[PDB]
Structures are given as structure tokens and as C-alpha cells.
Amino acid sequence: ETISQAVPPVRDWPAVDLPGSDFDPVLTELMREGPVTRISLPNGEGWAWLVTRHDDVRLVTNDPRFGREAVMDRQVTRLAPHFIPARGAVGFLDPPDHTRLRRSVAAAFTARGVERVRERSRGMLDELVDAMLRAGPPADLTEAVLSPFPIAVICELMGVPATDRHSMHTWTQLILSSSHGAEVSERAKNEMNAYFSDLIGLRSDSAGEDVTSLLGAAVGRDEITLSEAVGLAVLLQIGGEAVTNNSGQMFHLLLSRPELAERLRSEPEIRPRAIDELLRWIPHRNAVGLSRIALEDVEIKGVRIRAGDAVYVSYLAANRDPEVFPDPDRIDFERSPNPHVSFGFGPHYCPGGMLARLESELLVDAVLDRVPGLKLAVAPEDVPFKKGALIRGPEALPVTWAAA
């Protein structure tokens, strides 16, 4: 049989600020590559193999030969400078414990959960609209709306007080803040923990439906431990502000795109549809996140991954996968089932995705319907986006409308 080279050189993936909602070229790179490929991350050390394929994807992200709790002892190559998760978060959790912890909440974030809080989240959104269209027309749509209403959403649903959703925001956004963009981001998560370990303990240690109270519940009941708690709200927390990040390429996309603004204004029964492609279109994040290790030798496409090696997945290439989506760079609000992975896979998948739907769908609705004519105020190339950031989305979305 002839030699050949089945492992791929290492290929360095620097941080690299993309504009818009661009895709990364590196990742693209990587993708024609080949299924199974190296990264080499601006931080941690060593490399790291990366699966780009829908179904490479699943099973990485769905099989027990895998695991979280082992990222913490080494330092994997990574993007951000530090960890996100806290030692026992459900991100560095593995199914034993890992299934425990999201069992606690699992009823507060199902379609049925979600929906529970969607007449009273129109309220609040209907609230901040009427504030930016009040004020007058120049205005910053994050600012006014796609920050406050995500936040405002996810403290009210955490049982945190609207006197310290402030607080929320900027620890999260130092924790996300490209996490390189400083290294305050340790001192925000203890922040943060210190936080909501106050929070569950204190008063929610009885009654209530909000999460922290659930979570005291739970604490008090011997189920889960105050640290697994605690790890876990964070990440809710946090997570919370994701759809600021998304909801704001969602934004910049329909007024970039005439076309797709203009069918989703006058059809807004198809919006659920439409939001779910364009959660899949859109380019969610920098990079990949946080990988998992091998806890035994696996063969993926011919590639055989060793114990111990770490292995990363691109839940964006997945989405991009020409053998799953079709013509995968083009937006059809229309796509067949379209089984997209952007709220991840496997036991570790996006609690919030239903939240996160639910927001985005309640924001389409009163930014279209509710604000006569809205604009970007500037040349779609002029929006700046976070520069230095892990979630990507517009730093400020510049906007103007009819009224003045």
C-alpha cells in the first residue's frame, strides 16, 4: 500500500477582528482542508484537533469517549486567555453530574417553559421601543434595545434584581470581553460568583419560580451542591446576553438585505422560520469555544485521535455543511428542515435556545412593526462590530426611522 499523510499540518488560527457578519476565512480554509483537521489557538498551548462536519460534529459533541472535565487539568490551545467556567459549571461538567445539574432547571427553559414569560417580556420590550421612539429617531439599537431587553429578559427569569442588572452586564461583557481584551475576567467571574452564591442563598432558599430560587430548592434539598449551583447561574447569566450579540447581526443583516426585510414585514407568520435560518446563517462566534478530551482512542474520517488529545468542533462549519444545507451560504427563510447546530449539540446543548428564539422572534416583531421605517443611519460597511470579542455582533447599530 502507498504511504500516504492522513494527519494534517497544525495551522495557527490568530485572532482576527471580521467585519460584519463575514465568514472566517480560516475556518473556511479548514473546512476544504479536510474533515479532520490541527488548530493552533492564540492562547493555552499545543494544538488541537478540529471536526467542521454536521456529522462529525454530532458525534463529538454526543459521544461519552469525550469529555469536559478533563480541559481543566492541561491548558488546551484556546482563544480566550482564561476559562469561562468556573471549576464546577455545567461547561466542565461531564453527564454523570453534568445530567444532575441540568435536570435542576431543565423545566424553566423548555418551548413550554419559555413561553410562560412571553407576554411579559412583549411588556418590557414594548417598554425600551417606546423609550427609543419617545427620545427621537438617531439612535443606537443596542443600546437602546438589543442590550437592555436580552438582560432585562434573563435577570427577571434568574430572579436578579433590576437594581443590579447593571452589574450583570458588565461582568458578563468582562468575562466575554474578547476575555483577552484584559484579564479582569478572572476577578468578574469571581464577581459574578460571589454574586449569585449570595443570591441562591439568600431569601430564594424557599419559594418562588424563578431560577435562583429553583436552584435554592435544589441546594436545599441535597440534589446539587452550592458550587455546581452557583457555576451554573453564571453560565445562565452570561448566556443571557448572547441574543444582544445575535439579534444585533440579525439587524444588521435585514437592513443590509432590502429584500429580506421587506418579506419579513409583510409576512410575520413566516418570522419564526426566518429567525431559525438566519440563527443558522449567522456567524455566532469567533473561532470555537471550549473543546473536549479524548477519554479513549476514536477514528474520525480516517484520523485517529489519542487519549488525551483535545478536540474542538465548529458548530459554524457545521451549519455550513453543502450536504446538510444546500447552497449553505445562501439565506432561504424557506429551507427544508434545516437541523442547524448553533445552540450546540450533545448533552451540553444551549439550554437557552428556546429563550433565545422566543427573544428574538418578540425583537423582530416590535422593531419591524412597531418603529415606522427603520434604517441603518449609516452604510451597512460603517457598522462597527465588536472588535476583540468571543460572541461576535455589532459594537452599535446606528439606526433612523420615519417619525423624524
Given for the second form:
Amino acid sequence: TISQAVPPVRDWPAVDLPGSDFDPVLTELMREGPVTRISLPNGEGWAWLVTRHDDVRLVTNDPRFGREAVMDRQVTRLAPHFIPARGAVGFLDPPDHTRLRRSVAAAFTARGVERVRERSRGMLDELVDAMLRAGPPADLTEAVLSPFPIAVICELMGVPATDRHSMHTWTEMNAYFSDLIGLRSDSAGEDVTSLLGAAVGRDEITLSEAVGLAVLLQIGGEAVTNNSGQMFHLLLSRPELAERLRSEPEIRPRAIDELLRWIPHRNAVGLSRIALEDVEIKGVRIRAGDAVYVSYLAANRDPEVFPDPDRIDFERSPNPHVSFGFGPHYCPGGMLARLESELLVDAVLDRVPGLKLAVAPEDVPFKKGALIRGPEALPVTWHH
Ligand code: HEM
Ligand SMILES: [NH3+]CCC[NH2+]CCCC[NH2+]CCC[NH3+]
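Having seen the form deposited without spermine (fully protonated form) (SPK), can you show the form solved in complex with spermine (fully protonated form) (SPK)?
Time for the whole complex; same chain goes first.
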């Protein structure tokens, strides 16, 4: 019966957070209740926000919330603008979205990404070989964390090599993939570009649709560069973590998933969803048309799902984190990201004698005015 007053609209200004420190404003919101309302720097008005693990899964996996409708107005957001108007996989719903994700799904499953494990391991060794030959002072990001993800995706996409330059500038290729995809599009290849090529041939997807997806995947590696950057900043600044991984290599896969759960991958929240019809969440009525954001970072610190949520526990048993999202729009690169992280931890922790930061932890530069958090550089040193 009794009316439940709507939450006050909380303003969430863009703030550059140090290292991997948690956003105090998000903490405030997490403590206010499961359903809040926020207003970000750009776009207009307010949007709902859910922070609990169960509500985050509900909103991201329920058909009643859509992505296409976000383009119908200026939904309050962190990013200055929403250039990927239409066509981008993130802004598509079940009909078109499903066709697009299905065309390449097989290459990104656990078994799919295992295809490039061997070659990727070798590619990483060449990068580490070079860093070691050059001598101790090194920016781990520039020498390994940045180039490795790019090399890996090229192998998975089924592209030869030199596409990196364009990738770094993206900080051209649209035309490149248009060629490869639309000029080979029917081979039974297993690589991503072949799969897309084939799909386009079977009228499953459009050439433009295929190119757009190809571009997102090709440059999605920076996410691993930034995230793994935080992983190593943590492993080096907190030696007990690195020493446990050197002491018990068997725990590396689980440790990596725990690091992925904890690391605050982005600033604020990303892309909202629109309630296509009225929806009830924890006694709150979300009206059709309202925007609803989910915070995967907050969800990953849910005290019920992850007891002692702020502690990094490599032995954490049930670890259903949502760092790669949830629902239909869940990250296609999640399995590939775990593979890259696994190879990186192996190489960095086993092949660099006496590895440590070349500066105080607080002196490592992190990206400012960014959407995805991470170091701009990670200076390290070791015994030559
Ligand atoms: C540890 C590194 C990564 C993290 C933490 C991460 C995280 C995320 C998250 C949280 C989303 C949003 C899900 C949503 O909309 O609810 C997402 C989407 C996406 N990610 Fe990643 N990602 C990572 C690496 C990658 C890589 C390497 C690629 C490229 C192979 C990639 C490609 C994508 C794409 C294409 C989407 C959009 C999916 C869709 O809307 O259907 N991600 N990612
Ligand atoms: N504030 C960090 C600066 C560290 N400078 C270290 C010079 C020594 C390099 N050898 C490191 C091997 C570790 N046992």
C-alpha cells in the first residue's frame, strides 16, 4: 500500500581516481539502497541505477530492457557523446543483435580461443625476449601490455600483420576489413574474419554490419592492456600477491578471475538500457521509457555474493563475477581476455628476474578523463 518515495537524484561528476582506488561516490550509492537515481556529466536528465548482484543480473538479462531505445534521446551519460549511433552491436536488440553475435560466437568461446593459445604464447615470448635484451628500465605497458593484445586479436581475426598502427592511432581499418570480409566471404575458415565473411555471404548479416563488429573486436584489446595493467600494478605494489602466484602457479587461473572481479575496470557506468514496459525492482516502479544503468563494479563487491568483497582472495570459492557483463550483451572477449591474462602472468612473473616497480606505487600514472581505467605507463625494473 504505502507509497515509497523515489530516491533523490545523485549527481556523479567526472573525477580522476588514483590507481585502482574505489569511487567514493559509487560507494555512497551502494550504501543508499538497491535502487538509486543518477545524473552524469553529459546527456540530459536522470537514470536509474542498480548496484546489487541480483538486480544487475536481472536488468542485463531481462528482455524487457532494450538498447535500441537509448538512441531515441539524450540519456544522461559519462561520455561526451554517443557517436556509435546505430549499427554498433552495443546499440542493437535481439533481432539484429543476435544475428551479429551469433556470426562470431564460436571463435570466442572457451574452446574457440584455445585455438590461438600456442601462437599467442610464442608471440608473448618474443615481446619479453626483446624487453629482456634491451635491459631493465622498461615501461611494461609499451613493451608488452599494449602490443600483446593486438598481436593476439590479429591471430584470432585471421589477419596477417601491420594493422597495429591504425589501432594505436585510434586513440582506414573500416575499409581494410570491408575488403577482407567482403572479398573472401564464403570460405569455411575458422578465424573471425572468415566467419563474418561467410555470414555476409549467407545474407545472415550485412557487409557494413560485419565491418563494424570487426573493428570493435580488433581494437577491444586495449581493454586487456588497461585491465592487465591494473593487474600488474597490484601484483607489484602488493608483493604477497605476486609471491603467491610464483609459489602456487596452479592457482593462477582462479587468481586471475579474482583480480578481474576486484579491479575497477571503468569510471562510473557505461551504456544504459531502456525499460520497454513497466518493471518492478525491489519495490521501485521503473516506468517504460526510463533509462536504467547497472554497475558491474558495484555488483562485484556485493557483500552477500562475495563475502569480504574488498579483499583479494585467490582462493575465493563461488566467484560469479560480472566483470565481462551479463545477459545478451556480455563481453565476447571475456574468454580471450582470460587467456591473454593467463599467458601474461606466466611470462611476466616467470621470466623477469627481480621484477618490481621502478617508481613508488602512487607515482604510476593512470589515465585521466577516461572511460576505461588503467595505467598510462607501468615503469618496471629488474636484474639484468
Ligand atoms: C579484461 C578485459 C575486458 C573487460 C573487463 C571487458 C568488459 C566488458 C563489459 C563490462 C562490457 C559491457 C556489457 C554490457 O553491455 O552490459 C563489454 C562489452 C563488449 N566487449 Fe569487452 N571487455 C574486455 C575485453 C574485450 C576484448 C579483448 C574485446 C574484443 C575481442 C571485447 C569486446 C567487447 C564487445 C564487442 C562488447 C559489446 C558486446 C555487445 O554489446 O553485444 N572486450 N566488455
Ligand atoms: N622506488 C623504486 C625504485 C627502485 N630502484 C631499484 C634499483 C634496483 C634494481 N634492481 C632490482 C632487483 C630487485 N632485487
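Just so we're on the same page, rigid core means the largest C-alpha set that superposes within 1.5 Å between forms. Residue numbers count along the first chain shown, from 1.
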{"item": "Comparing forms between these two forms after core superposition, the one residue of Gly159, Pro148, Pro283, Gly289 displaced by 2 Å or more at CA", "value": "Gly159"}
{"item": "Residue shift check between these two forms, rigid core fit, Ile200 Cα at least 2 Å", "value": "yes"}
{"item": "Rigid core superposed: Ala108 CA moves 2 Å or more between these two forms", "value": "no"}
{"item": "Exceeds or equals 2 Å, Cα of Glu209 between these two forms, core fit", "value": "yes"}
